[PDB]
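Given next are the chains, with one letter for each unit.
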Amino acid sequence: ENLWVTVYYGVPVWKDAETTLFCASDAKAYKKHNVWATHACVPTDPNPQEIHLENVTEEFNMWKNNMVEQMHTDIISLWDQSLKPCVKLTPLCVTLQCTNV
Amino acid sequence: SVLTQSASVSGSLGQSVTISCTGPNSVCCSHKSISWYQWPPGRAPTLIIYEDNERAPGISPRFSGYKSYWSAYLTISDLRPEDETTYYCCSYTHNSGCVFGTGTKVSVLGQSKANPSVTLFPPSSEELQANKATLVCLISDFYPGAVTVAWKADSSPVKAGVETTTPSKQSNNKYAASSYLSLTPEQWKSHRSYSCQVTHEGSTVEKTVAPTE
Amino acid sequence: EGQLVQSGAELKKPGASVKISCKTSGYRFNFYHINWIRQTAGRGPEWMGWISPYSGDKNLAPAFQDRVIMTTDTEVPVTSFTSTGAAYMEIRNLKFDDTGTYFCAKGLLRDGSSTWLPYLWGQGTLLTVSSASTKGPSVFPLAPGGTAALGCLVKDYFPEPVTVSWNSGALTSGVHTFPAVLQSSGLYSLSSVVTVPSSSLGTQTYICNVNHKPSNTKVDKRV
Amino acid sequence: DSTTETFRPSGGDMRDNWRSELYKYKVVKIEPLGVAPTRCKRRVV
Amino acid sequence: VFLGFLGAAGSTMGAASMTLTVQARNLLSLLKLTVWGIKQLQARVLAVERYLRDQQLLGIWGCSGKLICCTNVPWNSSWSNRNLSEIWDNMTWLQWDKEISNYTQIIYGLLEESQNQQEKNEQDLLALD
Amino acid sequence: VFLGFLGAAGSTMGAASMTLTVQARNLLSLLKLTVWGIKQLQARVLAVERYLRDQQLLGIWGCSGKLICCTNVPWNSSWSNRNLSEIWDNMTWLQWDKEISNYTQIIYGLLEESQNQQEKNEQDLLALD
Ligand SMILES: *[C@@H]1O[C@H](CO)[C@@H](O[C@@H]2O[C@H](CO)[C@@H](O[C@@H]3O[C@H](CO[C@H]4O[C@H](CO[C@H]5O[C@H](CO)[C@@H](O)[C@H](O)[C@@H]5O)[C@@H](O)[C@H](O[C@H]5O[C@H](CO)[C@@H](O)[C@H](O)[C@@H]5O)[C@@H]4O)[C@@H](O)[C@H](O[C@H]4O[C@H](CO)[C@@H](O)[C@H](O)[C@@H]4O)[C@@H]3O)[C@H](O)[C@H]2NC(C)=O)[C@H](O)[C@H]1NC(C)=O
Ligand SMILES: *[C@@H]1O[C@H](CO)[C@@H](O[C@@H]2O[C@H](CO)[C@@H](O[C@@H]3O[C@H](CO)[C@@H](O)[C@H](O)[C@@H]3O)[C@H](O)[C@H]2NC(C)=O)[C@H](O)[C@H]1NC(C)=O
Ligand SMILES: *[C@@H]1O[C@H](CO)[C@@H](O)[C@H](O)[C@H]1NC(C)=O
Ligand SMILES: *[C@@H]1O[C@H](CO)[C@@H](O)[C@H](O)[C@H]1NC(C)=O
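Chains as they are written, first to last, in the numbering used here: chain A, 1 to 101; chain B, 1 to 213; chain C, 1 to 223; chain D, 1 to 45; chain E, 1 to 129; chain F, 1 to 129.
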């Protein structure tokens with residue numbers, strides 16, 4: 001009848017949070033340097049583990065999802081990273097005299 | 001049912017009372033768990049005790065359980081007016097459904113007396129047209145819960161068309177009952193008065209109606 | 001902290017079948033057994049069986065093993081920890097001694113030595129088994145410290161039950177409804193009375209609303 | 001007056017393309033520290 | 001019987017308390033200036049930072065080595081009034097953490113002070129002779 | 001009675017030894033290439049690096065779980081000649097650390113060798129039967 005608090009380390013408890021995710025893609029080999037795969041994305045594990053959570057019911061909201069906002073800024077930032085070293089056509093703004101084909 | 005309870009038990013106000021629950025060894029005690037339920041007639045029951053001592057959530061500490069090898073017991077301490085009702089025990093295991101007991105009616109002694117309320121209604125003009133006639137005698141807020149009703153036609157007993165209900169418990173832990181007297185319109189109009197007499201061991205009350213007024 | 005609401009009372013002839021429903025809310029329907037218990041005057045309270053909404057395992061008492069069919073629907077989620085559901089019991093080969101009150105009940109714990117133990121009960125469903133036909137009631141007015149009493153008389157109806165309200169449920173204080181009488185003919189009759197101040201004749205109109213769903217009849221009588 | 005409904009395509013935002021594949025996913029953090037009451041007590045020794 | 005990481009998240013607290021090892025394992029395990037490299041390195045530092053914080057709390061509660069540890073703090077009923085069967089056989093750790101998330105900070109403070117800060121001084125005065 | 005982080009820095013060693021939990025808690029807890037981001041991330045890695053080093057020493061001294069641990073190393077008088085009352089009721093941890101900072105490295109070496117490297121082999125030979 002005398003109750004006491006006891007600490008448990010490893011209880012299946014989670015809370016909604018937004019963190020910094022990273023990239024992971026299979027080991028595709030090759031021409032290359034495709035903007036998204038980049039020089040190095042963590043290669044996907046040879047076998048992924050999908051663990052079904054029985055009895056669990058979670059609330060979802062694809063419209064307030066922060067994964068979308070992160071992916072958006074990742075595509076944009078990846079684009080600029082690939083344009084920086086390429087040739088800039090500042091002198092190509094010379095006056096053009098064009099005729100039909 | 002093979003699970004027998006005490007048919008009746010009584011305890012005084014502010015006191016305690018114990019209900020028993022026993023039966024054959026096939027359906028009793030060891031190798032079995034016992035639960036207790038409060039079950040007022042005409043209403044949904046309430047679980048008070050499960051797995052022996054351990055009482056259901058929110059149950060007052062006034063309730064306690066105890067199980068011997070041959071029988072189980074339920075103890076109600078600090079008796080209240082609301083504790084006066086019917087109680088059932090159950091024998092069960094984890095994989096086997098309930099076996100209900102024979103039932104126990106608990107009476108709480110040492111309670112204050114309640115004066116009977118008697119009301120008699122005559123037949124409606126729409127009812128005399130039908131043409132029938134039924135007198136309705138309603139009784140409420142009396143204690144203890146037992147009445148006897150007698151009808152009279154011009155101060156003389158009636159025996160044809162008398163119907164009386166059993167006593168029933170009110171929400172305020174008093175009791176109520178009703179009685180109906182069916183008559184033909186001739187008997188109703190051919191008498192000077194009709195009477196409903198409600199008799200209690202401490203006091204008899206009489207209510208009278210008359211076709212004249 | 002959830003409520004179980006069962007289907008309304010029904011009158012059926014002996015030999016027929018009837019299906020009672022039990023809709024749940026306020027808790028995870030999948031996590032608790034649904035028990036079915038009945039109470040008759042001849043046998044008292046009698047446990048019939050339970051069924052698990054999660055696994056579908058059912059356990060029926062031998063007395064109802066051959067006449068009771070228990071089924072459940074899939075839970076409709078509301079929040080992460082609550083949902084709504086529905087359980088059904090179909091009883092066939094009805095007899096006169098099967099007339100009584102039937103209850104569905106939610107189990108006690110998800111795990112332990114008494115998981116299925118009926119803990120949360122519904123309001124009950126009244127089942128009448130009889131060869132007699134349904135009969136609607138006849139409602140009559142009950143003519144009326146400075147206090148008085150008035151009401152409405154419900155005479156000769158079948159079967160049970162009959163519900164009475166006042167002013168479409170606006171009047172609940174001072175209402176006193178009496179149990180029904182069992183006439184020698186086999187028909188029931190009850191009365192309902194309300195206590196009001198005698199001075200309130202110029203400001204209050206009392207309407208008694210009688211509903212007898214077995215006959216699908218409503219009566220609104222002005223006292 | 002709700003008599004007829006018209007539907008036109010559009011491309012207001014580029015994020016809607018990502019939501020078409022991230023509708024099923026969600027990020028949560030694991031909090032593995034739980035405190036509960038039991039009939040256990042530490043030994044004073 | 002293993003279901004996997006967070007498999008018992010919908011089970012009763014008693015059932016989930018049996019597979020705490022499962023959550024314990026998967027709880028920690030020319031220019032590299034790519035957007036992925038900065039994200040990865042910052043993600044790795046975030047993972048070890050959260051792990052060391054929980055292990056820090058277990059340290060100051062004298063429960064470093066164990067997944068289940070008992071304390072001296074009595075269970076104040078204002079936190080939860082539920083009995084043992086109702087807690088461990090009727091609730092999940094999720095809805096439990098929601099019911100007690102309110103008093104968690106107070107409980108953590110009593111957990112570090114009441115025992116291990118008192119226990120260590122009394123341990124020195126006891127083994128003093 | 002709590003004064004806060006480092007509150008007992010000017011108190012006697014005995015008084016400060018009572019609130020070691022206070023120092024233990026607050027001891028660990030398009031382009032992100034900003035000067036602040038590089039400083040922050042490098043600062044966070046520095047904090048966990050110092051914490052893990054002290055916890056490493058407690059580990060190799062067999063004192064991982066505790067804030068107060070007793071050892072087998074006897075106190076060589078050449079380090080300090082002061083009696084217990086003079087040390088614990090007349091000195092602060094600051095001026096103590098200054099008086100013994102000279103022999104700290106030697107003491108740390110004896111602390112990892114003398115007991116826990118001897119204790120573990122003798123523990124196996126004792127529980128060997
Ligand atoms: C997700 O949530 C759900 C719901 O919350 C949860 O499901 C509950 O899980 C708990 C624990 O696992 C269950 O509680 C246990 O139930 C055990 C099963 O009950 C037995 O009895 C049934 C009736 O048997 C009679 O009838 C048959 C004819 O049908 C007859 O032949 C028999 O002889 C007997 O007379 C039976 O149908 C049932 O069978 C199922 O289970 C077995 C596995 O055991 C399976 O192989 C079958 O195919 C079938 O699916 C079963 O045999 C019960 O044994 C158990 O009691 C023992 O264990 C407890 C410890 O838990 C001991 O304390 C106790 O003393 C006993 O030794 C306990 O009662 C509960 O019933 C489930 N359903 C609910 C709560 O609705 C999931 O587990 C959750 N999962 C996750 C991952 O979170
Ligand atoms: C776009 O305009 C340019 C002019 O600036 C066109 O280039 C010229 O196209 C003509 C064809 O009409 C070429 O004529 C050929 O020249 C070669 C020279 O080796 C000769 O061998 C052939 O017999 C013929 O005369 C001309 O050479 C060429 N001029 C240059 C500088 O390349 C071009 O064709 C136009 N393209 C389109 C799609 O309009
Ligand atoms: C949690 O705590 C807040 C603030 O005291 C209170 O308003 C809320 O009702 C609580 N909810 C819980 C613990 O269920
Ligand atoms: C510390 O050690 C150095 C080198 O042995 C010595 O010169 C100095 O006097 C000492 N100071 C102390 C410990 O007070």
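Rather than coming from a laboratory, the hints here were simulated on the basis of the structure. Every residue, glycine too, gets a C-beta built ideally from N, C-alpha and C. Where hints are given, some of them may not hold.
[Said to hold, decoys possible] The following residues of chain C were derived to be distant from chain B, with all beta-carbon distances above 12 Å: (1) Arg-43; (2) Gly-56; (3) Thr-134; (4) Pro-141.
[To be verified] Listed below are the simulated SDA-like cross-link pairs for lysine to any residue, each with C-alpha atoms no more than 20 Å apart in a straight line: (5) D:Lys-29 - E:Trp-75; (6) E:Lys-32 - F:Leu-57; (7) B:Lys-32 - C:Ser-113; (8) E:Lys-98 - E:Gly-65; (9) C:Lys-19 - C:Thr-71; (10) A:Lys-64 - A:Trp-14; (11) D:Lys-26 - E:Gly-7; (12) C:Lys-19 - C:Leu-126; (13) B:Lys-169 - C:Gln-39; (14) B:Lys-113 - B:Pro-167; (15) B:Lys-132 - C:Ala-143; (16) E:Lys-120 - F:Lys-32; (17) B:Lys-132 - B:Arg-192; (18) F:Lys-32 - A:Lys-64; (19) D:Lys-24 - A:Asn-34; (20) B:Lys-189 - B:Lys-169; (21) F:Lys-32 - E:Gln-55; (22) B:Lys-105 - B:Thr-22; (23) F:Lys-32 - E:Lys-98; (24) D:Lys-24 - A:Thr-19; (25) B:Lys-32 - E:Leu-58; (26) C:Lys-12 - C:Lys-213; (27) E:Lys-39 - A:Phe-60; (28) D:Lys-26 - A:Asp-16; (29) B:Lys-207 - C:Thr-195; (30) E:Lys-32 - F:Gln-55; (31) C:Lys-12 - C:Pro-161; (32) D:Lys-29 - E:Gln-117; (33) E:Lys-120 - F:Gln-55; (34) C:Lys-19 - C:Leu-94; (35) B:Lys-32 - C:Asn-59; (36) B:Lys-174 - C:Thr-195; (37) A:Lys-15 - E:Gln-55; (38) E:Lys-39 - A:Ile-51; (39) B:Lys-152 - B:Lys-105.
How the hints compare with the structure:
Separation of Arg-43 (chain C) from chain B is inadequate, the least Cβ-Cβ distance of about 8 Å not exceeding the 12 Å criterion. At roughly 15 Å, the least C-beta separation between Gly-56 (chain C) and chain B is larger than 12 Å, which holds for a residue marked as non-interface. At the 12 Å boundary, the C-beta of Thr-134 (chain C) stays outside the reach of chain B, the nearest C-beta of that chain being 20 Å off. At roughly 6 Å, the least C-beta separation between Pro-141 (chain C) and chain B is not larger than 12 Å, which violates its mark as non-interface.
A distance of roughly 27 Å separates the Cα atoms of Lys-29 (chain D) and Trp-75 (chain E); the hinted pair therefore is violated under the 20 Å criterion. Between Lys-32 (chain E) and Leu-57 (chain F) the CA atoms are separated by roughly 34 Å; this puts the pair beyond 20 Å, and the hint is violated. Pair hint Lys-32 (chain B) plus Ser-113 (chain C) holds up; C-alpha atoms about 10 Å apart against a cutoff of 20 Å. Restraint check for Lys-98 (chain E) and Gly-65 (chain E): the C-alpha separation of about 27 Å exceeds 20 Å, so the hint is violated.
This hinted pair checks out: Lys-19 (chain C) and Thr-71 (chain C) have alpha carbons roughly 10 Å apart, not beyond 20 Å. Between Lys-64 (chain A) and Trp-14 (chain A), the direct Cα distance comes to roughly 18 Å. Compliance with the 20 Å bound is thereby established for this hinted pair. Pair hint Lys-26 (chain D) plus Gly-7 (chain E) holds up; C-alpha atoms about 17 Å apart against a cutoff of 20 Å. Between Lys-19 (chain C) and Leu-126 (chain C), the direct Cα distance comes to roughly 12 Å. Compliance with the 20 Å bound is thereby established for this hinted pair.
Our distance criterion of 20 Å between C-alpha atoms is met by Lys-169 (chain B) and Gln-39 (chain C), whose separation comes to about 18 Å. The straight-line distance between the Cα atoms of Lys-113 (chain B) and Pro-167 (chain B) is roughly 16 Å, inside the 20 Å bound, and the hint therefore holds. Restraint check for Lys-132 (chain B) and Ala-143 (chain C): satisfied, since their Cα atoms lie roughly 18 Å apart, inside the 20 Å limit. About 45 Å separates the Cα atoms of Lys-120 (chain E) and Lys-32 (chain F), which puts this hinted pair outside 20 Å; it is violated.
At roughly 18 Å between alpha-carbon atoms, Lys-132 (chain B) and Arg-192 (chain B) fall within 20 Å of each other, so this suggested pair holds. Restraint check: the Cα-Cα separation between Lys-32 (chain F) and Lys-64 (chain A) comes to about 23 Å, which exceeds 20 Å; the hinted pair is violated. Taking the CA atoms of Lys-24 (chain D) and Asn-34 (chain A), the gap is about 27 Å. The hint is violated against a cut of 20 Å. In summary, the hint linking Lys-189 (chain B) to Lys-169 (chain B) is not supported, as the alpha carbons are separated by about 35 Å, beyond the 20 Å threshold.
Our distance criterion of 20 Å between C-alpha atoms is broken by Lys-32 (chain F) and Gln-55 (chain E), whose separation comes to about 29 Å. Taken as a hint, the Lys-105 (chain B) and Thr-22 (chain B) pair is honoured in the structure, with Cα atoms around 16 Å apart against an allowance of 20 Å. Restraint check: the Cα-Cα separation between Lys-32 (chain F) and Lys-98 (chain E) comes to about 35 Å, which exceeds 20 Å; the hinted pair is violated. Proximity of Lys-24 (chain D) to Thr-19 (chain A) is assessed by CA-CA distance (about 17 Å); at most 20 Å being required, the pair is judged to hold.
Under the criterion of a C-alpha separation no larger than 20 Å, the hint pairing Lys-32 (chain B) with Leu-58 (chain E) is inconsistent with the structure, at around 42 Å. Between the alpha carbons of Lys-12 (chain C) and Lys-213 (chain C) the distance comes to roughly 14 Å, so the proposed pair stays at or under 20 Å and holds. A distance of roughly 25 Å separates the Cα atoms of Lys-39 (chain E) and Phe-60 (chain A); the hinted pair therefore is violated under the 20 Å criterion. Pair hint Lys-26 (chain D) plus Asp-16 (chain A) holds up; C-alpha atoms about 8 Å apart against a cutoff of 20 Å.
Under the criterion of a C-alpha separation no larger than 20 Å, the hint pairing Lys-207 (chain B) with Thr-195 (chain C) is consistent with the structure, at around 18 Å. Straight-line distance between C-alpha atoms of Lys-32 (chain E) and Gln-55 (chain F) comes to about 31 Å, which puts the hinted pair past the 20 Å bound. Between the alpha carbons of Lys-12 (chain C) and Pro-161 (chain C) the distance comes to roughly 14 Å, so the proposed pair stays at or under 20 Å and holds. Taken as a hint, the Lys-29 (chain D) and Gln-117 (chain E) pair is broken in the structure, with Cα atoms around 30 Å apart against an allowance of 20 Å.
With a C-alpha separation of about 17 Å, the suggested pair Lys-120 (chain E) and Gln-55 (chain F) falls inside the 20 Å cut-off, and the hint holds. At roughly 12 Å between alpha-carbon atoms, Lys-19 (chain C) and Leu-94 (chain C) fall within 20 Å of each other, so this suggested pair holds. For the hint linking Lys-32 (chain B) to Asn-59 (chain C), the alpha-carbon distance of about 17 Å falls within 20 Å, and the restraint holds. At roughly 17 Å between alpha-carbon atoms, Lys-174 (chain B) and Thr-195 (chain C) fall within 20 Å of each other, so this suggested pair holds.
Distance check on the hinted pair: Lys-15 (chain A) and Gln-55 (chain E) sit about 19 Å apart at the alpha-carbon level, within 20 Å; holds. For the given pair, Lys-39 (chain E) sits about 26 Å from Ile-51 (chain A) by alpha-carbon distance, which is inconsistent with the 20 Å threshold. For the suggested pair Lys-152 (chain B) and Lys-105 (chain B), the alpha carbons sit about 34 Å apart, so the restraint of at most 20 Å is broken.
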